[PDB]
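> Spelled out, the chains give:
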Amino acid sequence: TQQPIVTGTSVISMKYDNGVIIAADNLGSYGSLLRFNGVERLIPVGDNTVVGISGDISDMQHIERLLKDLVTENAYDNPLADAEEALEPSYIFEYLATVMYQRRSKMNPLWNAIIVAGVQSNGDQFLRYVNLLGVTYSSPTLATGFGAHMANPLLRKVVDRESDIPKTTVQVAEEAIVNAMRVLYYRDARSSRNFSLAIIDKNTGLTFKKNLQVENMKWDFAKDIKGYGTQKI
Amino acid sequence: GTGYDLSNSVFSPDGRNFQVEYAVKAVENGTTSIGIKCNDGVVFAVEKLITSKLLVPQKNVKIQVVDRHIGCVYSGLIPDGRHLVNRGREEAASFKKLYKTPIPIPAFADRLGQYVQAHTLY
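Those protein sequences? They're chains 1 and T, same order as listed.
Here the first sequence stands for residues -8 to -1, 1 to 70, 70A to 70C, 71 to 72, 72A to 72B, 73 to 92, 92A to 92B, 93 to 105, 105A to 105B, 106 to 141, 141A to 141G, 144 to 181, 181A, 183 to 211, where the numbers follow PDB author numbering.
By the count of PDB author numbering, the second sequence reaches residue 126 at its end, each step adding exactly one.
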């Protein structure tokens, strides 16, 4: 029985030929007050997974804690903790899925939307979503909040179906991701310019970039607009 | 009279707790393991008796970690030791959850002491 307070906006992601990319900005909004400007919302779990979270920040922070503990406790009496019995993206996701649906069923949800992106032991990309109601689904592209509306249409023009994944490059993909991010800054009143991006490639492993910014902005055209119809100057 | 050693919390006329001491014997009948503190850390090592060649090498691990910065090794009834580590783990978590920082060693130890000492009270 709650109501989010400090929040974070979209998280966008897509999977490519040899990995997956995911991103999210660094803002913690308090209603219409863009309150916190240094909030990482992309959570790296191990070396093959990043979980992006949007929704109530306090619950996110709680999920951060749950994730560290999940790691700590997998090391326990596990000789293969840094290998064959390391946390796979699917394990992390199914755990989180499970928790979300249990909290919704108790009527005390974790007010979030989460995307778990990563690559499995055998090389398969993994990208899936779960939210405050325990609804889960997967697609070559995935986004939460505004990103579902704006980013998905864009990200899908690159990967419209499964067969397109093997034909898509990191460069293509990352380009897309950054554009979508730019778009969102233009049309989402709750976005911020600063963001974090992360790629999880079956070869390069996990690359996590911090402090990216939306650039190449088209605002120049604003000068030729005056009034709202009949006004001349 | 006698019988002061059939029950764990009973003090003997000499003020000892015989069951605690019989416990120690189970310990002494066990493998050795040590701990050497050093200039910026500690090392643990244990003898692992090779009962047979049927045993798969390097698999039946005995040293245990608590959290991510604590090593635990014990000699004796292995299961009793494991039991002691499960609590340690739980007590480490409880400390972190509430205080954020991982459990300081002195503090971890006392948490252990208190749980063990508790097993000589009933």
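Think of the hints as simulated: they come from the structure by calculation, not from any bench.
You may find that some hints are simply not true.
[Said to hold, decoys possible] List time: in silico DSS-like cross-link candidates among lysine-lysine, alpha-carbon distance up to 25 Å:
#1 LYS52 (chain T) with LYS63 (chain T)
#2 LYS52 (chain T) with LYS60 (chain 1)
#3 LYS92A (chain 1) with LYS63 (chain T)
#4 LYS140 (chain 1) with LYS180 (chain 1)
#5 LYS104 (chain T) with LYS60 (chain 1)
#6 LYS145 (chain 1) with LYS140 (chain 1)
[Unchecked claim] Listed next, with one range per pair, are the computed distances between beta-carbon atoms:
#7 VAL63 (chain 1) with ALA111 (chain T): 19 to 25 Å
#8 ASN194 (chain 1) with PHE48 (chain T): 54 to 60 Å
#9 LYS60 (chain 1) with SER37 (chain T): 28 to 34 Å
#10 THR105 (chain T) with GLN191 (chain 1): 29 to 35 Å
#11 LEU116 (chain 1) with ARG72 (chain T): 56 to 62 Å
#12 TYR164 (chain 1) with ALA111 (chain T): 32 to 38 Å
[Said to hold, decoys possible] Non-contacting residues of chain 1 with respect to chain T, defined by C-beta distances greater than 10 Å in every case (computed):
#13 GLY23
#14 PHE28
#15 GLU32
#16 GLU72A
#17 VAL86
#18 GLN89
#19 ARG90
#20 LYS92A
#21 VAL118
#22 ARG168
#23 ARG171
#24 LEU190
#25 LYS201
#26 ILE203
#27 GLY207
A virtual CB, placed ideally from N, CA and C, is assigned to each residue, including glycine.
> So, for every hint listed, does it hold in this structure?
Tested hints:
no., hint, result
1, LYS52 (chain T) with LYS63 (chain T), "holds, 11 Å"
2, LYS52 (chain T) with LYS60 (chain 1), "violated, 32 Å"
3, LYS92A (chain 1) with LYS63 (chain T), "violated, 42 Å"
4, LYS140 (chain 1) with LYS180 (chain 1), "holds, 23 Å"
5, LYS104 (chain T) with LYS60 (chain 1), "holds, 12 Å"
6, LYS145 (chain 1) with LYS140 (chain 1), "holds, 13 Å"
7, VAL63 (chain 1) with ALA111 (chain T): 19 to 25 Å, "holds, 22 Å"
8, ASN194 (chain 1) with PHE48 (chain T): 54 to 60 Å, "holds, 56 Å"
9, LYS60 (chain 1) with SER37 (chain T): 28 to 34 Å, "holds, 30 Å"
10, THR105 (chain T) with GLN191 (chain 1): 29 to 35 Å, "holds, 34 Å"
11, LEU116 (chain 1) with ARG72 (chain T): 56 to 62 Å, "violated, 34 Å"
12, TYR164 (chain 1) with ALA111 (chain T): 32 to 38 Å, "violated, 52 Å"
13, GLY23, "holds, 28 Å"
14, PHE28, "holds, 19 Å"
15, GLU32, "holds, 17 Å"
16, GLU72A, "holds, 13 Å"
17, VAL86, "holds, 16 Å"
18, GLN89, "holds, 19 Å"
19, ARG90, "holds, 18 Å"
20, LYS92A, "holds, 20 Å"
21, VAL118, "holds, 29 Å"
22, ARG168, "holds, 29 Å"
23, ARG171, "holds, 31 Å"
24, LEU190, "holds, 29 Å"
25, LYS201, "holds, 51 Å"
26, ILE203, "holds, 51 Å"
27, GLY207, "holds, 58 Å"
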